[PDB]
Amino acid sequence: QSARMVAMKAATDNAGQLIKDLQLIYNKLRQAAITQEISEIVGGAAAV
Amino acid sequence: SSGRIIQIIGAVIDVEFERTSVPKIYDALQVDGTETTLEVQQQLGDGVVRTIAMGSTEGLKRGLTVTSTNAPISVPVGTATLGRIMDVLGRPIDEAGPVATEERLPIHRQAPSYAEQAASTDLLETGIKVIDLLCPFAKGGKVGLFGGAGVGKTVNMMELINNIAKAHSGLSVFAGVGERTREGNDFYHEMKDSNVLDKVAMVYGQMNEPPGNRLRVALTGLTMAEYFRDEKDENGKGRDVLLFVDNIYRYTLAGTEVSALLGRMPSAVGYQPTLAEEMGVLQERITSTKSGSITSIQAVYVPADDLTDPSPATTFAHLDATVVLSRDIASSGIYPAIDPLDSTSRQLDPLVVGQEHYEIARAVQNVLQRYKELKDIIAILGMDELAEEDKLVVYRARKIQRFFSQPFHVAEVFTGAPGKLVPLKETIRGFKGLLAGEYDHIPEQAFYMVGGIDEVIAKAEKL
Amino acid sequence: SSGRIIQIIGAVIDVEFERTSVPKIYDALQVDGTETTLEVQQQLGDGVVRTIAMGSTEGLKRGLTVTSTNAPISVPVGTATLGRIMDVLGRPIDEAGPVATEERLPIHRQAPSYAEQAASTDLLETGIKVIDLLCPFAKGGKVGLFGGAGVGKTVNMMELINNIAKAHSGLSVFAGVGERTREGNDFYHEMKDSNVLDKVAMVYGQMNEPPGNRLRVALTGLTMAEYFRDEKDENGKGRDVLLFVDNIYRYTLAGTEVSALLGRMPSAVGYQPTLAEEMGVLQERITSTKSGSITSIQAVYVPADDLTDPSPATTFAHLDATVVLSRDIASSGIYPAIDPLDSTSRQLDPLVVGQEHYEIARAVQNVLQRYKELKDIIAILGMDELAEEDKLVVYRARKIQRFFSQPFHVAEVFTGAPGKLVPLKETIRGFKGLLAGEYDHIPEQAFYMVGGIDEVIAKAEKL
Amino acid sequence: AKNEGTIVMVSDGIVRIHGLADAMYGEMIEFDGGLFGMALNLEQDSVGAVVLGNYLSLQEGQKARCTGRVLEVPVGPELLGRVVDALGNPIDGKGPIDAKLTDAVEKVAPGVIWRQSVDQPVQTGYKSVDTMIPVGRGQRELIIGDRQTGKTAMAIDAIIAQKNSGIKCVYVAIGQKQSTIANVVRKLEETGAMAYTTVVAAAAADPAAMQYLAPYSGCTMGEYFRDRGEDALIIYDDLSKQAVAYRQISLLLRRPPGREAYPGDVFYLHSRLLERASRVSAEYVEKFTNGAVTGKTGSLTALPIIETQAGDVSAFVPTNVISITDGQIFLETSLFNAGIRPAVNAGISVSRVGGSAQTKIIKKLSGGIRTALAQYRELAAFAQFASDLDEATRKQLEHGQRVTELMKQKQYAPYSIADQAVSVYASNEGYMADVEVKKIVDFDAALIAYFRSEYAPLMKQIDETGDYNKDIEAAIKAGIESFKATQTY
Amino acid sequence: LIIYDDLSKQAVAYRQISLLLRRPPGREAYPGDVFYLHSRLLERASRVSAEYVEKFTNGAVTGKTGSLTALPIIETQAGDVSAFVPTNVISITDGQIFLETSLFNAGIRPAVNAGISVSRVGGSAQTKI
Amino acid sequence: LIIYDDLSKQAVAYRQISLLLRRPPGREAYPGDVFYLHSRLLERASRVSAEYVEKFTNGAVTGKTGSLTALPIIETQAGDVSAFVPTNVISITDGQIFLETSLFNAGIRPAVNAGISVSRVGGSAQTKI
Ligand SMILES: Nc1ncnc2c1ncn2[C@@H]1O[C@H](COP(=O)(O)OP(=O)(O)OP(=O)(O)O)[C@@H](O)[C@H]1O
Ligand SMILES: Nc1ncnc2c1ncn2[C@@H]1O[C@H](COP(=O)(O)OP(=O)(O)O)[C@@H](O)[C@H]1O
Ligand SMILES: [Mg+2]
Ligand SMILES: [Mg+2]
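Residue numbers (the entry's author numbering), protein chains in the order written: chain g, 242 to 289; chain F, 2 to 464; chain D, 2 to 464; chain A, 26 to 514; chain B, 258 to 386; chain C, 258 to 386.
Rather than coming from a laboratory, the hints here were simulated on the basis of the structure.
For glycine and all other residues, C-beta sits at the position ideal for the given N, C-alpha and C.
Incorrect hints may have been included.
[Claimed, not checked] Here are the simulated distance ranges between beta carbons: (1) g:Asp262 / D:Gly239: 24 to 30 Å; (2) A:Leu81 / B:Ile347: 56 to 62 Å; (3) D:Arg240 / A:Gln334: 52 to 58 Å; (4) F:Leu387 / g:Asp262: 42 to 48 Å; (5) D:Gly239 / A:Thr127: 55 to 61 Å; (6) A:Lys433 / C:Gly283: 53 to 59 Å; (7) C:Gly283 / D:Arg240: 51 to 57 Å; (8) B:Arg366 / C:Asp263: 31 to 37 Å; (9) F:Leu387 / B:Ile347: 51 to 57 Å; (10) B:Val305 / g:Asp262: 23 to 29 Å; (11) D:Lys376 / B:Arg366: 52 to 58 Å; (12) D:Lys193 / g:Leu263: 51 to 57 Å.
[Stated by the list, open to error] Within a straight-line C-alpha distance of at most 16 Å, the following computed EDC-like cross-link-like pairs (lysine to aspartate or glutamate) qualify: (13) A:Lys152 / A:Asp182; (14) g:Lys269 / D:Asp455; (15) g:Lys261 / F:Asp306; (16) g:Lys250 / F:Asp306; (17) D:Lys376 / A:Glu403; (18) D:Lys62 / A:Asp182; (19) D:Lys62 / A:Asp70; (20) g:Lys250 / F:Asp377.
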């Protein structure tokens, strides 16, 4: 039993690190998507 | 002179003029027979000036008449404004009669030159005992206040407003960019309650107002603070002034809303084409001249909890210190709830403060970090398991947190607390003594609600 | 026949003309006032031609005059250009006197017909472990290197030049497009000291020139190689040719820079509407027809470090062998940074290369894919949980990833270690032994920057 | 008439004029009130211009005149120890600067045949950037990292440590608060560096035109010494802010947007500037000066600084810049907050010049340190998930830890060539193996002290000659032994 | 007391009626002024003071403090809060009540999420008991 | 039986030839009439009845039915099956065969993903055994 506690606590810490990295990637992708949509809308509205 | 209205589309109004004279950028215009003023934002040729109105535009029509002031939005400034509430145009709104100052100054002016800068970086002493040791402010510097309602945000504002006038003989200006009307009224009455309202000035622009009103409000407070700093008493020592802004985020948001209305190619994540230019023109006039100095306390709100967003990224390049308030400390009953581990200051280097102050700050932060890492294991496991050395760390951290709380000069109505203004030397002395280990037998309860290490020695000797 | 400049914007100049003499598409015009050669890119009715200027545009006003040569940009071909340096228009820039030849060829022509294509089957061995093992090449084919800034593309191109052109009987053409100048001078002097200059023609258009010169500088090297291919010895057999293009990405980037000024609508991520056709009309002329065989090597730049961008996405299908460089492996210190996965060649099938070669390559790719898939559970959980076979796969994948590293001849300066060369059969033997399981006990630290299985044994003993 | 025009539109600093028929590209224009403007776009019936000044004083119907001369800046050796605006007007109130000649701002680099390979080294005082990432006269290097990570500190240390070496210096500040510029000028004047330095300033309140144009003027002022056989070193404080100003002034022109709303031609803007830092051959100098000086080669070094968000080097502008320069120095905020100062990342930082641009002894000693550091970093990141490690992995990890601890330094503490030579020789030979990690930095200090008091003649010989022979190796080995043999750290 | 059925549908019709009139597009095609549109409506709900009532009615009624409450409604696509209109409306108001879909189908009715639903006024708006 | 090597290249060519014609763009800069372009092409693959065959040939051919099967090809960017064009094509075709890079590199050739690939016609097409 004494091993399982440290095993799961290390697993939780690693999960925290991974979620932080994924959050960074998510923010970058979201900003890129918003920029692309706005650019497309403005370009289309210029055409009409 | 005799203009005409040509195109009313929402707030944006195009105004036509005579060929020879077309009011310059930012020259305010008055509309005859109605309460509304117009602020030029771009010239288009053929005399047409594309401008933005202040206030709602229902009831207007094409064909009216407009006269030109040939000057920017001049606000009335002086000593009379203290204790009043005025509009963006400096019109009273608290039903207390007109202001008694005839000095009108514009809000559109150039920043000070390179040869007008001070010859030194100096500190501003406020005696909060946590804002001086861990997060030192600098005259001319800028502070970003992190936290929302519920953690006593207004209490700290009251304390600073009182302390600036009590110790450094200075006045303050408050400007609210897009604040809620109800909480604004609550704030005004709260400040009138503590008898601190007669040292400050107030300018309000609320959410219901057109974005032109919200954008050009901060400059009014800026001009009033400028005049408070400039005037020279005998010996011409000048004055040290404070300026408060409710949320600069709404300032940038009003800016980008105004850009779209005028029309513009968006940039980045929808933000305006010119985003930093606006931040610079606002935040480069908060500087320390040889005559005086202006400090600024601005509250900030980060969208989507993402510090990479263009607005936090642009505003973070001017912030000299950051103060963070955590609800956990408020729940623990410690006031003011300022976190001693997540607040930053660029003035905490050995060059500026010195050697022993820097060592003291770093040592206390190290001990608090160790306690933060230790509390988890002391929770999952038992307290006894831990080493005697770490226990000592726990006790010292507890005493440090308790000592970090002090009474205020504006809470004497609520509890009869006289109020404290601790000079920095006493704080450093007490903290150095505590870290040395001489305060090891005194019980922890002797530290709560005490201004100075002597009060603690007296309080600890009493019981 | 004389025209007047009408509009100058950036590198785009639109010029009027008389009604009956408008110059056609791709013709060249000369400004009488200064040294400038304009190229026609489009017709706009009313006898108005849009043009791109080849050279500087400073000091050019409106109302300047222009004559028409009524013929495209012709360059001199032949053996006179052997061992010389030329501009984009053919002018020498080595300060060694004029070029003595009247043989001029235009640089705009149609691609070879389908009926005269040829099959390339003879193999070619470079000496680099990873290229000759996983992505094999073949004479007369097409090769490409894909990477992002700072990963190793040029140091590999120069190494291939060292291991192939220096030891090959036949001519060579080197065209530099959108790259550093220092590298050009270094290459020229390095070729001079080796007494192999007289077999190479050179063309250079670098990043310091207006986009007009950077846009049409690959076609000149193309035309020179084209003449060197179709030319036949009198009563004698022809010879092989080689072509090197330093960066073909700049060719499209110039068009992207000047696309919007031509009047075209934007598309995708700001790219011009006509991209693939623009890539094809150049990438089809690099061919080895029934007359001669051209072996070309190109380096392709990956913007923002992602292969999904349209520019490196359109070009993937125009090459026979593709070698993809990875920044993670580079940051790991593994050189050269070539990704074993995502690297393919159209000459890896059991008939062309044999059976053992195919089996070895397939097993290697399988093992590496297995490890890459396994990485995630290791990341979250740990190492002890996996099966012993998976631990063996992990160790084998690490050793394989290291064994692909190799020191170079042209990279002694960076690292201070001498270059190395490995025969293909040694690569095959080493990888077969590694996958067999006989080199398991050898520490994985002995597989780094050593060429051949034996040197690894010696290094392992050395540790 | 053909040279006099009027203003038609004023909007956000861009003025569209009319008339001005014989108007050329790039040529300056003078507005009423002593305010200058630059032509940008010609058209069929109008001229576009950007105002270099305060455009709030200009209104429709005002006049404008075309000087006829291209935008140029005053230049000479008299500009040493002064502070000026982008166009060269003094602001520090020390009085007008005499200038003998005026040079153009828009110029192209010398061709391929007019250059030379960089072999003369440049010293900064930092151990890591010298041994790990060597630099040399004529080579462009880039300092890149996250915010408040130490970038301007490294760039000022080079300017300070270049004293005693006949190298002029130019410092360009773009988008900086006036407090920081004033503080930097004070720090420069305190240590006497301003005796041979020039400063060009454009603050955050200055318009987009000046912030966009200033680095070109800095480069033109720094070209004066390169074109005559002397040397120069120029430091652009923030290229990213120049890119942002260009983006704003282009989006105000309705130019098509792109990745991160950046125009198409954002690579040319940086390449045309960063490729003027070149070493010219003696033939170019002789031809340019008409034989006034012979047998002398010019040079010009550049150290631009760029800033990244959240510590990514995969963005658009950072990778645009990286592919132009001959190297990069990556400063990581994670190590900066951890105490490793200056925080340098061995994996990403490289230099394209290599071993040519340094001393012989440093070249023989600092060989393959960077790759060993990067491999150590990767291996250490792997050892978290690993349960058992063999002996070789343990040795590699220990060596990497010692080397990482060694490469630490403070501000304003330069190190001589001999100092770095001795330290690196001690590190390579493994004399630090038995030393406790926590003491390593302190240990380092003691060593230099014991090599200043005794073994002093060698020290001077290494400092001046920079030569390696079996005598130098024997002397250094004997010295190191004595120190450890009889001394305390 | 006033209850707006769905303002999210007011926004959609505002966006349509604006785009049809060629006003500048932005994030999600929304016009230049949307935050103003919602604030101009949600800033009318207040509690005036007795002096205001007396001034308005010319003294006909005195001593009584008037009040207008408001409870607008907003629906989210796939349970997000980071869109444009949801962020605006969340910023404007004085508290929020979150109704989930996971809780609604699990038989728990009413489906109120007490974890992330707050009200700023709080204890001042309840009776003593 | 007709096979199209890559209608993606064809969609891009249509985008170029349309944008050059000054037609309004849209998602990913693809103008309108993109769905029509592939629908009117992929709808012509069908089986006719013997009466149609007999009528077309005026009795020259009797008692036989014609057919035309199709197998078009479309490529994806790192598995982005949710782009503009692959979704249109996926909505028109009866069945979809997916090839995976992580399967091809693992040695499973041909790399057919069994859990995402379906066919609507099904057993009726196959023989008895
Ligand atoms: N050896 C060192 N020890 C401790 N601190 C250092 C050392 N070197 C640099 N620093 C710190 O790094 C900072 C350098 O400024 P930095 O470049 O981080 O500012 P920035 O905002 O990131 O960029 P800029 O300077 O261009 O505004 C200094 O404030 C200094 O305190
Ligand atoms: N095989 C190699 N061995 C050692 N260093 C290398 C190798 N390949 C590239 N480098 C280093 O990587 C850096 C970038 O590579 P280079 O090809 O010169 O630039 P780019 O990657 O932009 O084309 C160079 O400075 C070079 O020293
Ligand atoms: Mg490159
Ligand atoms: Mg900074």
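A quick look at each hint next to the structure:
Range check, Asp262 (chain g) to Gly239 (chain D): Cβ separation about 57 Å, and the 24 to 30 Å hint is violated. At roughly 39 Å, the beta-carbon separation of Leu81 (chain A) and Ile347 (chain B) lies outside the given 56 to 62 Å, and the hint is violated. For the pair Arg240 (chain D) and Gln334 (chain A), the beta carbons lie near 54 Å from each other, so the given range of 52 to 58 Å is met. At roughly 33 Å, the beta-carbon separation of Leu387 (chain F) and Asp262 (chain g) lies outside the given 42 to 48 Å, and the hint is violated.
Separation of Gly239 (chain D) from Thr127 (chain A) is about 58 Å and conforms to the stated range, judged on CB atoms against 55 to 61 Å. Between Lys433 (chain A) and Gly283 (chain C) the beta carbon distance is about 57 Å. The supplied range of 53 to 59 Å therefore holds. Distance hint for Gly283 (chain C) and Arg240 (chain D): a CB-CB separation of about 53 Å, consistent with the stated range 51 to 57 Å. Between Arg366 (chain B) and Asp263 (chain C) the Cβ separation comes to about 54 Å, which falls outside the hinted range of 31 to 37 Å.
For the pair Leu387 (chain F) and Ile347 (chain B), the beta carbons lie near 44 Å from each other, so the given range of 51 to 57 Å is not met. At about 53 Å, the CB distance of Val305 (chain B) to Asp262 (chain g) disagrees with the hint of 23 to 29 Å. Look at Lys376 (chain D) against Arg366 (chain B): about 45 Å separates their beta carbons, and that is not inside 52 to 58 Å. The given range of 51 to 57 Å is respected by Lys193 (chain D) and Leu263 (chain g), whose C-beta atoms sit roughly 54 Å from each other.
Of the supplied pair hints, the one linking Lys152 (chain A) and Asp182 (chain A) holds, its CA atoms being roughly 12 Å apart against a limit of 16 Å. The hinted pair formed by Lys269 (chain g) and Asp455 (chain D) fails the criterion: a straight-line CA distance of about 47 Å is larger than 16 Å. This hinted pair checks out: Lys261 (chain g) and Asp306 (chain F) have alpha carbons roughly 12 Å apart, not beyond 16 Å. A distance of roughly 26 Å separates the Cα atoms of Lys250 (chain g) and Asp306 (chain F); the hinted pair therefore is violated under the 16 Å criterion.
At roughly 15 Å between alpha-carbon atoms, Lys376 (chain D) and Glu403 (chain A) fall within 16 Å of each other, so this suggested pair holds. Distance hint between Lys62 (chain D) and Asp182 (chain A) is unfulfilled; the C-alpha atoms sit about 46 Å from each other, more than 16 Å. Distance check on the hinted pair: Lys62 (chain D) and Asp70 (chain A) sit about 13 Å apart at the alpha-carbon level, within 16 Å; holds. Between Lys250 (chain g) and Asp377 (chain F) the alpha-carbon distance is near 11 Å, which keeps this suggested pair within the 16 Å criterion.
The structure fails hints 1, 2, 4, 8, 9, 10, 11, 14, 16, 18 (numbered hints given earlier, in ascending order).
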